[PDB]
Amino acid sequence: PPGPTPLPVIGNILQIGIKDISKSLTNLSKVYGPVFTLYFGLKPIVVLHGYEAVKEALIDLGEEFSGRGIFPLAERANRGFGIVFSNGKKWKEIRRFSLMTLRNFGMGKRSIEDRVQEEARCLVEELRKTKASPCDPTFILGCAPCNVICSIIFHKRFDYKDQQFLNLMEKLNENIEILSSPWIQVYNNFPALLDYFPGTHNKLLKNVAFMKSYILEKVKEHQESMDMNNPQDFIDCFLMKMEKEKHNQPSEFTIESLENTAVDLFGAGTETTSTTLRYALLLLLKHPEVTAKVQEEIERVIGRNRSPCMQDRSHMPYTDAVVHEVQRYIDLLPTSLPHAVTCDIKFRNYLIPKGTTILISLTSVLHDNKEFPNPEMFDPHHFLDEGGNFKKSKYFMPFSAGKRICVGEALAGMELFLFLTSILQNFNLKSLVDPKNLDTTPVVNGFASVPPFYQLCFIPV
């Protein structure tokens, strides 16, 4: 399986660098084809580039490519596996459980949707506190997705001033800061350095364990007041899954694994949604024509009176296109999360041995030159036909694809749709640095893009 010849100890780092590694992968694909080999120091990585290879692996050999693969830093920073990093029956069975409970009406009288709607009108209330004055939305937008997960795991959101909530928030955001430092790919190239610089990974381990404790005291309060035959949140359903398993007791569901699945949901369920929303508003500032068009659909379909809901989305194609086009443009997980093969397998006639790490290039699919003609340009017509109707694409994979597809695809769709429409129904976004100037080009470091810093005022309508 071809690829550039790597140097003695520094792997392929001269060829890919430490900057925008997804761009380097596209360039390498131009010379080695859609299936190349790449060395992260001494570790052999198969990269899959265009749609055809990604679809052929993740969908057609779905089981064979179902494995999760772990780079050095994550290996050291993770004590205990839940869902994101699990493999085999542990992953198969917890993931299955989690999707069950993440369905709209999958645990109690309260739906996921009602959770997201409650959050939407609190999000709006807090933005109303900003008194139409310049503000960095990073924090407020960060709280809403975290709080949806709080409500899903604990039945009950927290006021945004609740100190339980701010600690969990502080702990989650610090993990995102540590993890966005450019010299994180330096660890994956030279893992020896983890020992010589353990600051990173010790801070991750300390933060996770803080969160694990907090959750533990939560599942205790649950074990106490828990009504079987009447589960109301994630913890309840897990606790009672433990009872239906307490007999045949090898057993994948335990207090350890619930803590682990819980921290994952918080980590996987906060950062990406938060950034997508922050980036959405940035783009809505830059392109006010687009914003004006979304507001016409809101006044027409939903009033100014009631609150949005999911049934409204089928009747709002432009807004569905904007949401779709934010996710595709911004390409927040350029190489999703590293995959790994389940056994020795010939792929496009190449032979790839069991447990070999795979990087899926989601960028190559999301920014396919042909499906999306100006792919590095923000344009909702990418998902509209000549009438105003919504136009699906099989190249829309920001949640990846196949057997490891984001467990929260639906939830994220609800959050994005309901928080964005809720914000634009209630406010007009005013820029302070004038649309024309401000730059919306992703700041990329390794496998993580983020918008540049901006401010805006939320002026009520």
Contents of the next structure:
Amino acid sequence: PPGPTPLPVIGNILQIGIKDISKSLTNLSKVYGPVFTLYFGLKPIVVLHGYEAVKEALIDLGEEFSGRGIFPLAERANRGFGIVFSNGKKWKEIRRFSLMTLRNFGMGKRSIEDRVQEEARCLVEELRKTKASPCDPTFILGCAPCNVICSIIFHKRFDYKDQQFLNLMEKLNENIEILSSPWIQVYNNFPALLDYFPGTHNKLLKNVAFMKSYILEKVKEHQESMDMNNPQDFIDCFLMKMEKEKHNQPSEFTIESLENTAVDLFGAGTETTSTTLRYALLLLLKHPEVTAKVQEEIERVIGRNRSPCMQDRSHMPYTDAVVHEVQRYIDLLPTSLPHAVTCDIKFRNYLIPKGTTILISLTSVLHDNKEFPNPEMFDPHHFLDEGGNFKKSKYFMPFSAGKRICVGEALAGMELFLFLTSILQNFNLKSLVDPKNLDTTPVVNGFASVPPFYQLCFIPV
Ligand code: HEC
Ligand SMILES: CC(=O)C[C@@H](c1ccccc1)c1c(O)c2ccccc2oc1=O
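Okay, that one was the form deposited without S-warfarin (SWF). Can I see the form solved in complex with S-warfarin (SWF) too?
Zooming out: every chain and molecule, the one shown earlier first.
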């Protein structure tokens, strides 16, 4: 498994960096091929680059590449396994369960779509409160996704002002700010620095503990008020799954793992959806041509009366294309989340030892040159055939693919569509600075992409 020969202790840091480490991977693939080795300090990593190599690993050899890889910082900042950081039987079981409860009608009488439709109405309520004045959408947009998860786990969304909510929001946001500081990377290359400067990770652990104890409060309220026969949320389902397991036992389902699975969902379900929404509005501000066509579809398919629903997406190929294009263009998780091989595998004549960390280049699939002609540009036609119909692609991998594919793929797509169509149905977007002037190019800091700062006005139609 070829790759640049590492220096004594610093590894390949001089070539990949700490900056846009995704750009370096693409450049490195031009010289070492689709399957190459990289060193983050002493740790050996295998990077998979093209669609062919990603498909082959994630799908063809799905089981073998279903392990979750964990870097030094993440390892020290995590106490307890839920779904995101889990491996083996613990992962397999908790994930299967979560996917089951996350079905549209997998948690009682009320559907996920319904909880998302209520939030969309509320999102609009809040944007109306801005009275069409210059606004930084970062906050409002972040509240909606967090609240959807709150609704799924507690059965009750919160008013955007409830203190419980703001505390939860604050911790989630604090953790992001920390994980998004460049220098975090120094820890991944030099794990010993964790012992010397523990401030970072002690803080993440603290924040997680705050959230766990807060969720514990909730599960305790749920253990009291629980009507087995009538589950209403993720907790109710978890609690009653524990009862199905009371007789088998040692068991993967515990209050501990419930707390861990709950925070994982808040963490994995908030930030990325939030950032995508913010990035979508920026792009819509930049391309009013595009926004006008999306509004044409809204006006014709959905009234201005009723609220959007998922049934409408099929009759809204342009909007669907715009949303797909937003995710494809922004490349939020350029290297997904680290994977690890489940066993000693032979891959494309290479030989990768059990436990080896695997980095999946989502960028390289999302920005494939043949599939998406001018990949670096925002163009909804990337998902439209000659007739204005939705043109799907197997290269559309923003949620990754295979056994570890985003558990919230359905939920996220539901939020993006309903929130965005709801916003554009009730408001027109006005930029203060003017379009031709603002830049939409992603800013990257470590292993996550984000948009630049901007403001806009939500003008009622
Ligand atoms: C349930 C709420 C939820 C929402 C909403 C959500 N995710 Fe996830 N996502 C998860 C969970 C849970 C995992 C962990 C999956 C695992 O480790 O098995 C995950 C994992 C991922 C991964 C890991 C891929 C890999 O190969 O392991 C990527 C990439 C990802 N999500 C992208 C996204 C994007 C992009 C969005 C939205 C724009 C999004 N997610 C929204 C829950 C969510
Ligand atoms: C936060 C970190 O120190 C590194 C981070 C990461 C993300 C993408 C590609 C490489 C490294 C990381 C995670 O976000 C992560 C998330 C869930 C489970 C395990 C993880 O391990 C990581 O290293």
